[PDB]
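There is one chain below, alone, in structure tokens, taken in the form deposited in one PDB entry.
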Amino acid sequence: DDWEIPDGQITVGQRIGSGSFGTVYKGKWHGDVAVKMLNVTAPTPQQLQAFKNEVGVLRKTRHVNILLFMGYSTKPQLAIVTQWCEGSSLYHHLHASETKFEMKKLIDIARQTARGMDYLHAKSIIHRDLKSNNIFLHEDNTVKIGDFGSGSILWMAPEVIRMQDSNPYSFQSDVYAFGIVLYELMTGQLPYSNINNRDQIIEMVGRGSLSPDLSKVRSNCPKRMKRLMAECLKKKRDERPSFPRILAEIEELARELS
């Protein structure tokens, strides 16, 4: 009904990391949790509404691939509480571990990711900033999608880079985001890897003249999964697939099997 954790109950220990959002610690509260304490000292009364309006959105997410919102503090600092996750994120795995993932295991991670996303949309939540860094792999099996509610241009649809008019952030923008995750998964690689220049990419992808190189997909990706990708990466936004049918193709190609 109300989800506030009164001062005292969370035992904050260890500083894991941060962001423009906030700073994230591990912690004890009826078991393990994570606490993202916002960059804010004195809560201005209109700021206690910014938060509780952002919280009312967070508590409309129940689902196994949507990070588990659990509670919000007020009294030591504005903060969001959630499940503690185990292991490391999709990014860490696809880049600075060198973990071989089999085609089987990679498709599943894509399946579980678009499971998160279709749910959020069914709920009318534009994520806005999906990427492999904000997909935490709990136990190295279960996708948990978080950090919803410059920054990272690599997952940014051309219309976002540039800017539509009345939108541009929308269900579709979330969809190009999802393709770039597909590229990462199905090439094990960040795109524009050879062209390492933020300005170049911002200017060249928004103008419609640089798009991911699909020849770097591992020779053993299915051709269903490869065509699915290039649909999502469409520069024209409304030619893009929306999420029901994205979640169809993936589960429905997943058989095959091993």
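Definition used throughout: the rigid core is the maximal C-alpha set that superposes within 1.5 Å between two forms. Numbering follows the first chain given and starts at 1. First, how it differs from the form deposited in another entry.
- In the core-aligned comparison between these two forms, the C-alpha of 74 is the only one from 112, 133, 187, 74 that shifts by 2 Å or more.
- After superposition on the rigid core, displacement of the C-alpha of residue 28 between these two forms amounts to 2 Å or more.
- Relative to the superposed core, residue 248 undergoes a Cα shift smaller than 2 Å between these two forms.
- In the core-superposed comparison between these two forms, the C-alpha atom of residue 236 has shifted by less than 2 angstroms.
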The other form holds:
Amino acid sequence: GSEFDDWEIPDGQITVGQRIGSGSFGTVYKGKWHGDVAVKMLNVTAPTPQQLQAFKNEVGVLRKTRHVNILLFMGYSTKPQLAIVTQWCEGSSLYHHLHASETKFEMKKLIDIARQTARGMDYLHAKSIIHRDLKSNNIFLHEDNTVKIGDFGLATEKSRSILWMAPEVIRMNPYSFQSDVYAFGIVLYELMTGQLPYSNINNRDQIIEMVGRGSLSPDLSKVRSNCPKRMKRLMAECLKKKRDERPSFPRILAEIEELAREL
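Okay, that one was the form deposited in one PDB entry. Can I see the form deposited in another entry too?
Just this one chain is shown here; partners and other molecules are left out.
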């Protein structure tokens, strides 16, 4: 029975702190409410009655999409600008661990992260939400070791980073549940290899079309030796160039769940 007005965090209750970086539609800062929060300042200066109502509509979606493996929407703030407030993940991002700290995860941990990410993506798809922007950069590690997917919000506003782009997207509308599945395949690649795909190609433009046409795909030889065979097989499916040949997330999760029992 709550309404949009009630999800505003009263002015002054959030102290905004260290700037973290850019996310979809805005800038992410660390903050303090009663506890740690993340605050994403939206890039909108003076919102028209139509843009405010759209913000209301998206917020309405965020309020009802809830799962242990996606960020919790905690409210929005109005001054100085519209902002989305969420819980803070002390473990930062998967990207930061894999590619910036070069943190060493053991195989069991890699697989647990893949499993939690698949659970999260499965829930979003079950709610008919297309993420469009899945990458290790917006997969977060909570202090309690849970995976929290982020950047799934403002989906409709979206329908108005090339490494995770399915070829049909990378050459072109083109976004689908199946393109989400591909980006997840790249995240599996990141996890199972410890590196970004195409690390041997220095020019984007070479990558953009070769992957687009289909003459370039991730080098699977870079996969760790203790990576389960099933996991390798699943990754290859999610990365199918023909989008209709990719598995869906109920299937992906089932495959990772069972594959995880064997351990």
